[PDB]
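Every protein chain but one is kept in place in this view of the complex.
The first chain written gets the first letter, and so on, giving A, B and C; residue counts start at 1 in each chain.
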Amino acid sequence: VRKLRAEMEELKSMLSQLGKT
Amino acid sequence: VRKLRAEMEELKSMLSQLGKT
Amino acid sequence: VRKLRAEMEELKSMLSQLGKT
Partner (left out) sequence: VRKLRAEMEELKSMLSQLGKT
């Protein structure tokens, strides 16, 4: 679940990026 | 996963508000 | 992770609906 966690970390960045628009 | 969950909850609320515009 | 997956699905569906406006 290291890959799982890296995918979640990417998702968080994408979510915060849309949330700053 | 708490921090990811909170980022999703934030975006879901902002989208619901945008849908009332 | 069932509930986190459901929340992702809900958010995905909201984004989809926004993407059709």
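The definition used in the following text is that contacts are C-beta pairs under 8 Å (C-beta built on N, C-alpha and C of every residue); 3 or more make two chains touch, one makes a residue touch a chain.
S.K.: Given the full complex, what residues of subunit C touch the hidden partner chain?
M.R.: 1, 4-5, 8-9, 11-12, 15-16, 18-19
S.K.: Where does subunit A touch the missing chain, residue by residue?
M.R.: Touch with the absent chain occurs at residues 1, 3-4, 7-8, 10-11, 14-15, 17-18.
We adopt the following convention: only the chains that are shown with their structure count from here on.
S.K.: How far is the middle of subunit B from the middle of subunit C, if each middle is the mean of its Cα atoms, in Å?
M.R.: 10
S.K.: Averaging only over C-alpha atoms, locate the centres of subunit A and subunit C and give their separation in whole Å.
M.R.: Between these chains, centre-to-centre, one finds 15 Å.
S.K.: For subunit C, what residues touch not just one other chain but two or more?
M.R.: Counting only residues that touch two or more other chains, subunit C contributes none.
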